[PDB]
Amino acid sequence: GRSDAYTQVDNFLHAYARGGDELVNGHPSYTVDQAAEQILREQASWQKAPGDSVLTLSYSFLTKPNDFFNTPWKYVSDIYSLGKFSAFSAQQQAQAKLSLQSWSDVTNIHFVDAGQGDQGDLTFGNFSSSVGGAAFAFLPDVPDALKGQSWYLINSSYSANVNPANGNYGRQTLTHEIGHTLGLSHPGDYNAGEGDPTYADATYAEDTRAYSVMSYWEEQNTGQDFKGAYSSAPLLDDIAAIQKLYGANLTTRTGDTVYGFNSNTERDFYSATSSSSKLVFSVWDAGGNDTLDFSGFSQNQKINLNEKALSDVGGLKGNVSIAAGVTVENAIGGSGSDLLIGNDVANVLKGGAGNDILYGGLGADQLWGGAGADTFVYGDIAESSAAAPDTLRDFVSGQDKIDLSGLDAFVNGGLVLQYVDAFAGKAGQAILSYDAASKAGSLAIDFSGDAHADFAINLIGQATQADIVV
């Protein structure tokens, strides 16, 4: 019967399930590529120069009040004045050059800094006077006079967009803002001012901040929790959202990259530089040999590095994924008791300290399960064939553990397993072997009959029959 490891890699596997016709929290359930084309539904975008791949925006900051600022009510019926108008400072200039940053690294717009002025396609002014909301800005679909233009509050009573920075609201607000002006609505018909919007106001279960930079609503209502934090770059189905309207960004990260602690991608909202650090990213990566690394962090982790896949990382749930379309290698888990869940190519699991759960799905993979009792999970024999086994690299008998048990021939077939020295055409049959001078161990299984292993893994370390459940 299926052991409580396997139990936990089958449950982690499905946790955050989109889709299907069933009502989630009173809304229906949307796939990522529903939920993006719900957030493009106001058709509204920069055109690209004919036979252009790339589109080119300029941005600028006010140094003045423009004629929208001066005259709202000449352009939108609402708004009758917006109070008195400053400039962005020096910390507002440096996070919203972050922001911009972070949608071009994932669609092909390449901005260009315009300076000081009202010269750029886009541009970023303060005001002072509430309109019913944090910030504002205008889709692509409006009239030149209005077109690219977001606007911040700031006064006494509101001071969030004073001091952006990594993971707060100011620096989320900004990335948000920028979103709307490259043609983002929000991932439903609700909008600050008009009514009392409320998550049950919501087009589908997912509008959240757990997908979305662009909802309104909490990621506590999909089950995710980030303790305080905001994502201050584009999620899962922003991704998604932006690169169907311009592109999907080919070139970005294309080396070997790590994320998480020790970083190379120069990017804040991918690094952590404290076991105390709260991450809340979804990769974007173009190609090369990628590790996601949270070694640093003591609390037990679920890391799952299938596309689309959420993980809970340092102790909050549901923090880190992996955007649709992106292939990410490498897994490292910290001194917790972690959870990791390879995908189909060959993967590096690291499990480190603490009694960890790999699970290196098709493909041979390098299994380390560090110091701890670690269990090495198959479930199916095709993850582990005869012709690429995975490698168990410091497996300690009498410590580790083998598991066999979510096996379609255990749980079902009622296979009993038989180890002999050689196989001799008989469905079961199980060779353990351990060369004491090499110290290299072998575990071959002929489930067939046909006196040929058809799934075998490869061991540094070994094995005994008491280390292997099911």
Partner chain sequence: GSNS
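Instead of the form solved in complex with its partner chain shown above, give the structure for the form solved without its partner chain, please.
The text that comes after this line covers the one chain and nothing more.
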């Protein structure tokens, strides 16, 4: 009968489900693509210049008011005044460049620094009198006089935009408004709308800050919890949306990249500096052997390397995701009791201290449970074919367990394992080998009864029959 260990894997594999025919939060559930289509509903976009291979947009920081500032009412009907104008401070400029970069990392856009003034295709400036919210931008389908502008509220009472920094609202607002200048709309409001909306007014359930920085709804609405932090860079649905517009950037991080601790992506939102770090990011990577290093956290974590899946990293829930079309290969857990689930390719999963549950999935994985009593789960024989078997690089009999309880053959077929020394031609025969010389163990099982192993598991440590769970 299925074990608790296998149950935890199955549960997390289906956590944060999207696209179900069901009504989630009284709203239809959209897939990543349906969501992208919704975010792009206005059909606004920049046109790539003649002879340019990539869309090239320059940006500049306004030094004095422009036409729209002086005469807002000539463009936006109900804006009589914007208060006092002020230029972007040094911090706002540095942070604005990091947000711009986070967009160019995922699409084919090359941002050029036009400096101080009104010469850039995208301009940034501050205003002091709110017209409703804390900032605003114009999509690229407006007359040339307005195209590319984004404005941010700064005054004695509202200070969120004064010091943008990794993880805070000020930084997300920059990323959000720039999104607008690039062509992205809020995930909702167009068919109708009002003055005081709530998440109840969302078009689809995944319109929350866990899937799109363009949303205004808390991630809690969908089950995630970033504990006060805000994503500084584009999230799962934003990447998909911006990519339909300007294509996927296939030149980004093509080397062997590490995300989290010991990061080599010179990006603040992909790096963890201490155990107290609150990470919130969606991985976009175009190539190489990559690792999600979450070694520094002591909390119980759940990591899923499948694309489009979210993980509960460092104390937060559903804070780490992997974009569509991305293959991350390895993951390293921390000292807490973790759940690491791999994807279709060969993965290196390291549970570290604590009692972990490792699920390699398809491909020949290298599973390391590390200190503690770890469980290595399997739910399909093809996950460790005899042709391309897994390798348990640090098995410890009487401590670690190999979990086979969720296989169909056992849970439905009622197959019983008979430990033989040679395949005779009966289904259910298993040979537990072990060369004391190399200290290399082995487990082969013939499910089809044709005297040939269908499922195999290499080992480096001793595996007794009392270690295998069915």
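Numbering follows the first chain given and starts at 1. Basically, rigid core = biggest C-alpha set you can superpose within 1.5 Å across the two forms.
After superposing on the rigid core, which residue out of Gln43, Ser53, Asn412, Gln47 has its C-alpha displaced by 2 Å or more between these two forms?
Single hit from the list, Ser53.
Taking the rigid core as the frame, does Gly247 move its C-alpha by 2 Å or more between these two forms?
The answer is no; the displacement is under 2 Å.
Using a rigid core alignment, state whether the CA of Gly117 is displaced by 2 Å or more between these two forms.
Moves: no, less than 2 Å.
With both forms fit on the core, has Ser397 moved 2 Å or more by CA between these two forms?
No, the C-alpha moves less than 2 Å.
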